[PDB]
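*Asks:* Chain by chain, the residues run as shown.
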Amino acid sequence: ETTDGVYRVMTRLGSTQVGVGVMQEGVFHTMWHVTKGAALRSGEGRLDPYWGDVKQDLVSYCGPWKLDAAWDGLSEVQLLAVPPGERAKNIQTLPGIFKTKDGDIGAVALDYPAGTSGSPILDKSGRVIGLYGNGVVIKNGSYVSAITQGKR
Amino acid sequence: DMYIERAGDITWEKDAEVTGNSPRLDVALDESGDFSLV
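Residue numbers (our numbering), protein chains in the order written: chain C, 1 to 152; chain W, 1001 to 1038.
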């Protein structure tokens, strides 16, 4: 399967969801720590890695990174959370800011199991502005993931 | 051997639940692609 949309990344103790990915223009985008660059199966069925980067924690299959949109810095976004064993749910939120020395990157303060990481973050036009699942655990114990976007 | 399966389309929802705050955090990213809180 290669039609556009969001996909669960599974593995067989039982069938376990290790992460989430997004398919667009024939390319499967997800996070590196999800698949560790290993090949995926889509039916019968083989997706091979094309581009990856551990620092960005991103990886593309069957082609280069296609998602180009980014957060405008003012409007609210929506996390299309696809938790393990749960139907996809759109969660609207206003992202925070991750202050680094290469600049600022948006971050959403939403908590979901580790199997949900790789789920896309959308703008008001349905464009993927980044993926969810790479972040920090703050002083209270909650999880805050950055809006990690690649380069097209 | 990992495998993928469809979970839905990529579409914005008009009446979605709005939760979560907007924290401002100083963060440092190591070479291994992991963020830390500085």
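If you are wondering where the hints come from, they were derived from the structure by calculation, not from laboratory data.
There's no promise every hint is true.
[Stated by the list, open to error] To give an idea of the interface, some chain C residues facing chain W are shown, with a C-beta separation under 8 Å as derived from the structure:
#1 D4
#2 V22
#3 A38
#4 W71
#5 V82
#6 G85
#7 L94
#8 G96
#9 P120
#10 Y143
#11 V144
For every residue, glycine included, the Cβ atom is placed at its ideal position computed from N, Cα and C.
*Asks:* Could you run down the list of hints and mark each one as holding or not?
*Replies:* Hint check:
Interface hint status for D4 of chain C: upheld, as the beta-carbon distance to the closest one in chain W is roughly 7 Å, under 8 Å. The closest approach between the C-beta of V22 of chain C and any C-beta of chain W is roughly 7 Å, which is under the 8 Å cut-off, so the hint is satisfied. Residue-level restraint check for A38 of chain C holds (minimum Cβ-Cβ distance to chain W is 6 Å; threshold 8 Å). Because the smallest distance between the Cβ of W71 of chain C and any Cβ of chain W comes to about 12 Å, over 8 Å, the interface hint for this residue is violated.
Proximity of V82 of chain C to chain W holds as hinted, the smallest CB-CB distance being about 5 Å (cut-off 8 Å). Nearest Cβ of chain W to the Cβ of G85 of chain C: about 11 Å, over the 8 Å cut. The hint is violated. For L94 of chain C, the shortest C-beta to C-beta distance to chain W is roughly 5 Å, which falls under 8 Å, so the interface hint holds. Given hint, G96 of chain C at the interface with chain W, holds; its Cβ is 4 Å from that chain's nearest Cβ, closer than 8 Å.
Taken as an interface hint, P120 of chain C checks out: its beta carbon lies about 6 Å from the nearest beta carbon of chain W, inside 8 Å. Annotation: interface hint on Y143 of chain C violated; nearest CB of chain W at approximately 11 Å, more than 8 Å. Restraint check, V144 of chain C versus chain W: the minimum CB separation of about 6 Å is within 8 Å; hint holds.
In the structure shown, a violation is registered for the earlier hints numbered 4, 6, 10, in ascending order.
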